[PDB]
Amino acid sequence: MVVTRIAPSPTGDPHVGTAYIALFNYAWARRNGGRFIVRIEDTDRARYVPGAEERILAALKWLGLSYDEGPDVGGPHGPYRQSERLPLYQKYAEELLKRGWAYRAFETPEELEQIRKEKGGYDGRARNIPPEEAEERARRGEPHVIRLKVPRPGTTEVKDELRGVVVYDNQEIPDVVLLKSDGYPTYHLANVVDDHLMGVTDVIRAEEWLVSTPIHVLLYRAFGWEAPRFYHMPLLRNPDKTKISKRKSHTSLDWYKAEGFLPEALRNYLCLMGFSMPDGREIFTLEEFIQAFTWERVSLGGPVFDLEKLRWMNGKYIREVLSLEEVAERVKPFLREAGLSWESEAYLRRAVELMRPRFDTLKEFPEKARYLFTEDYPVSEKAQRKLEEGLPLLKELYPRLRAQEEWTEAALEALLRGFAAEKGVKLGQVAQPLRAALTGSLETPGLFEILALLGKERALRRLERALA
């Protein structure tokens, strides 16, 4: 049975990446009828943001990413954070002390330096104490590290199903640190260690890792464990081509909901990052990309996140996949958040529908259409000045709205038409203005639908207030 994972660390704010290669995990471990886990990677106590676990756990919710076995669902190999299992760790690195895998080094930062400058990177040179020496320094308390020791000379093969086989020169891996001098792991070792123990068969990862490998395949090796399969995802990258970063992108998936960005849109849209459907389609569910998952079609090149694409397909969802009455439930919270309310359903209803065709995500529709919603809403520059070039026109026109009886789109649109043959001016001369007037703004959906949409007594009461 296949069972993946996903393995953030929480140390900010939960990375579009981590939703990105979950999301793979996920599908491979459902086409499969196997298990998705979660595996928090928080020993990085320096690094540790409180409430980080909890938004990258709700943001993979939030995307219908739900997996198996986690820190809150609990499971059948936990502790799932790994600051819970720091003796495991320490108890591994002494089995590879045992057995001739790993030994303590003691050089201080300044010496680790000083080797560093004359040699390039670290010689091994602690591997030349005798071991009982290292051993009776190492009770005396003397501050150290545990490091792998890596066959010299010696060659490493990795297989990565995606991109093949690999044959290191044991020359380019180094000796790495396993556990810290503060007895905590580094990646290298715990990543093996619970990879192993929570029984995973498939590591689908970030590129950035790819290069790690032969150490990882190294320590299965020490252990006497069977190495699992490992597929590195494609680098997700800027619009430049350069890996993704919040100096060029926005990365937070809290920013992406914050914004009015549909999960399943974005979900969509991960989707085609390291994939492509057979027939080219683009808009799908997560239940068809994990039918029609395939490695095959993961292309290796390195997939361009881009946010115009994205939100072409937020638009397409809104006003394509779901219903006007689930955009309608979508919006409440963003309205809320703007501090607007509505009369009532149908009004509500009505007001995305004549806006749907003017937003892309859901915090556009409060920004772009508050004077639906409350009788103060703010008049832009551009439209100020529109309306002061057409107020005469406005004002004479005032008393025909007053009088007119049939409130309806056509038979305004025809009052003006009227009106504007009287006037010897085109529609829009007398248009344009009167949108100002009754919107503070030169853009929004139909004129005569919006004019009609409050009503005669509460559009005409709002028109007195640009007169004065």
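Residue numbers count along the first chain shown, from 1. Rigid core: the largest C-alpha set superposing within 1.5 Å between the two forms. First, how it differs from the form deposited in another entry.
- In the core-aligned comparison between the two forms, the C-alpha of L393 is the only one from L393, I290, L210, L162 that shifts by 2 Å or more.
- In this overlay on the rigid core, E443 has a C-alpha that sits 2 Å or more away from its partner position between the two forms.
- In the core-superposed comparison between the two forms, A383 has its Cα shifted by at least 2 Å.
- With the core held fixed, the Cα of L57 is displaced between the two forms by less than 2 Å.
Since the one above is the form deposited in one PDB entry, can you give the form deposited in another entry too?
What comes next is one chain alone, with no partners or other molecules.
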């Protein structure tokens, strides 16, 4: 069948680039009724951020991706955390050693630097050490690394499923270290070994690994294993076209969730990063994505992550994809984070309904609708100017309002329109100042619905403070 995977490195916040690559591996497997594996790349004890594994796994679930095998769901070929597979890599490294495909190198980190300075890059000088001497210096515990012994001279054919064949010159392929001196392996060794054992057939990864591919082709050869298919996705780019980074852009998935972006929206935007539906439709579900997926419709340009477009999309989900009730539920955390409270579900729902077309992120709701949940709301200078300029009218309207029995949006409009005509003035001249009194703002939803929402008492009370 088809088996894909993601090899996240727990070395920082959950990265949007990871979600992007995960999105495509997930789809390709589901499209082919296959498996989607999650393997953690925690072999660099130096860059390892404790607490990063949980975070990445949660973000993937947050976006709606589900994996078939992984650290927290088990699987037939575990462990799924490389740190727990160390003896395995040791074993395979020595296998290459015995097959003449690798060798032990004892240069100190400082000699290597000096070698890189003079001859630019390691010169494979350790290949001249007699195997028995290397084997002996190893048993004496001399610190060392194991390097891939690249066939020299020569050529190595790599095949990218989206770009075609690419012939490399072995002189371009360095004798990369396979097993570090601390016993930990490098991506190069662990990638191949683990992809093999877990049976992955389709390796879909970021284009930044294209050049390292001939190293993997060589390793699969060394082991006598069949190489999987390679699909390299273009890198997500900052606005300046450089690979998306933490300083020119927002790469942390937690930042997106914190800002009120809907996972559905983010996932949908990410699909547009290199892929498009035949009919050119831009809003679609995760499932529709799986079904319509085809490497034929994947573009290879480095897409710029456009926040403005994400916001647009998020707003689109808020008002056209999720139900009223769903938005109401998703907005709660944000109200709580703003120290605000709603009186009941009924109230919140109507509040959300009135604002639906006015907020593009869940975080924006408590901001623009603050006056619907607390008395502690701000008053814009323009609102104040408008309030003071219409006090006389409001003063004459107030008595009519305290005597209004039927407190409905229909009745209220009738009264106000009538009052405006009877006072020989345009509605706006009575509605605008009233809006200011009620909301401390001049940018709000319809006056009649805002006036009704609160009820007679709550509305008059607030109206009285503006006239006091």
